[PDB]
Amino acid sequence: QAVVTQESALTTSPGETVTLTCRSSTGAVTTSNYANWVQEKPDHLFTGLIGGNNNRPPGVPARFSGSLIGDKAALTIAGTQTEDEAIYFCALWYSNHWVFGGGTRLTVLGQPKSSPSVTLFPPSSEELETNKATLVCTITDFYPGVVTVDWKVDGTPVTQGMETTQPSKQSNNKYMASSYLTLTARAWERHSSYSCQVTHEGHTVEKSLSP
Amino acid sequence: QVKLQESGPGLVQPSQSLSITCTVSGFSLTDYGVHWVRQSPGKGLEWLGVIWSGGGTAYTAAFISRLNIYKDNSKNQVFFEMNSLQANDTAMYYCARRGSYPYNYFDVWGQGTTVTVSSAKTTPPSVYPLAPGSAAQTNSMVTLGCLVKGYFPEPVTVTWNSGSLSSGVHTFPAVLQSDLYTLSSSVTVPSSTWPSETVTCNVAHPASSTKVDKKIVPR
Ligand SMILES: O=C(O)CN1CCN(CC(=O)O)CCN(CC(=O)O)[C@@H](Cc2ccc([N+](=O)[O-])cc2)CN(CC(=O)O)CC1
Ligand SMILES: [Cl-]
Ligand SMILES: [Gd+3]
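The listed protein sequences correspond, in order, to chains A and B. Sequential numbering from 1 applies to the first sequence in PDB author numbering. Sequential numbering from 1 applies to the second sequence in PDB author numbering.
Source of the hints: derived by calculation from the structure; they are not laboratory data. A few of these clues could be false.
Once the Cα atoms are required to be at most 25 Å apart in a straight line, the calculated DMTMM-like pairs of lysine to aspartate or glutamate come out as [said to hold, decoys possible]: (1) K211(B) - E129(A); (2) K211(B) - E127(A); (3) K174(A) - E83(A); (4) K215(B) - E127(A); (5) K43(B) - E83(A); (6) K211(B) - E83(A); (7) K43(B) - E81(B).
Residues of chain B placed beyond 12 Å of chain A at every Cβ, according to the derived structure [claimed, not checked]: (8) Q16; (9) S19; (10) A61; (11) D72; (12) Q137; (13) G150; (14) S167; (15) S185; (16) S191; (17) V199; (18) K211.
Cβ atoms here follow ideal geometry from the backbone N, Cα and C, with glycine treated the same way.
Whole structure, please, built from the sequences with the hints as guidance.
Here is the structure:
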């Protein structure tokens, strides 16, 4: 069947006008393709933006408009807002089936800067009875969503046992992430100082632990 | 007002079937069409099929013989039934509502059913209470945790005090430590509330039907 192509990702600053395109591999996109646009927000939440006749659902901002520009479908956002950061999908009708495009991730720059809030948790007693020991380092309320996590055992850098999540959005549009340090019950008994160093925007904030 | 609630197990073994029910409210199936769309972790949206208001159907060509969508207007339910699933059918499945002109947009969508296609057997999580390192200062804030270790497949739901605590809660995404998932959750409450009163994390693994409560006690 037909492949519907969209730009992979676009980056704007607030107030800018952007045009996302939706192209058909079998020819020109026409009104008989009834181009729809859907918005995906963090935590896999989808909401309709534009309908088959360039109509907006009640409550969708007037800055979003759908159209046909030459041989392709388009979504114009007239004055990009911070809340418009999302993935945009178009869908084209082909007589007896719909086909979604690959999606356009829109990133909106210039949002308020915020440093991370770190919390280091010691392993549970109920965990040590299974002869396992995991240290949890929770990273909360940071913007931009880019962070490096470094672990230390008595000041000595750790090799294995560490696994870190890629940053995802919180309910307040800032980012969160977590980092683990899986160790053995005996290795936990030997060493005394444990440090979770979280580096964000060249700055480092750390939380230490001692049994 | 309008909602599409999804119920489907999740774990399917290769060559077997998938069945998902979409229960709608706030509108009637006699007026709206319901579409089925999926999203694979490494891809975007893939349209599968639809059941229109009149009971008429349409599907993506490659799915004609493996996918069926039918409904019961009186029960406000739409059923998705797909056979012969393979590894690349692993995705989040959604039902989406779409009306006739001027309501011809995919406005309201269901939250999605996470489907994992693997030979692997289910593994329930080991839930561990995470109490702070040092003791709290007189009149301050404390952050308690809950480690949900080694479960397969996704998802898992974490609540605190049966859903009564939400404002100071953060539930972190999972890591994949060699075919097993691990995530954490934390809650921040004042020191006058804990350890004076009971704070409990409630973890549920729907794909194993285990419901475990672990009370947070001082270290
Ligand atoms: O609707 C259903 O049950 C299923 N439709 C199947 C196909 N449609 C896709 C889908 O439904 O998936 C695409 C076309 N549809 C626009 C849209 O869906 O964007 C409408 C085009 C139209 C032609 C003539 C008149 N006229 O007045 O002569 C009015 C409208 C027609 N569909 C009613 C409606 O949607 O309004 C009726 C059929
Ligand atoms: Cl038609
Ligand atoms: Gd129609």
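Taking the hints in turn, this is what the structure says about them:
1. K211(B) - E129(A): Distance of about 22 Å is within 25 Å: holds.
2. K211(B) - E127(A): holds (19 Å)
3. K174(A) - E83(A): holds (12 Å)
4. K215(B) - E127(A): holds (15 Å)
5. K43(B) - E83(A): Answer holds: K43(B) to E83(A) is near 23 Å, not above 25 Å.
6. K211(B) - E83(A): violated (36 Å)
7. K43(B) - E81(B): holds (22 Å)
8. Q16: At about 25 Å from chain A, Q16(B) clears the 12 Å cut-off, so the statement holds.
9. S19: Per Cβ check, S19(B) is outside 12 Å of chain A; nearest 21 Å; holds.
10. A61: It is violated; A61(B) is separated from chain A by about 6 Å at its closest Cβ, not greater than 12 Å.
11. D72: holds (24 Å)
12. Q137: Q137(B) is indeed farther than 12 Å from all Cβ atoms of chain A, at 15 Å.
13. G150: violated (10 Å)
14. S167: Given that some Cβ of chain A is not farther than 12 Å from that of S167(B), nearest at about 10 Å, it is violated.
15. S185: violated (9 Å)
16. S191: At about 15 Å from chain A, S191(B) clears the 12 Å cut-off, so the statement holds.
17. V199: holds (14 Å)
18. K211: Non-interface label on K211(B) holds, nearest chain A Cβ at 18 Å vs cutoff 12 Å.
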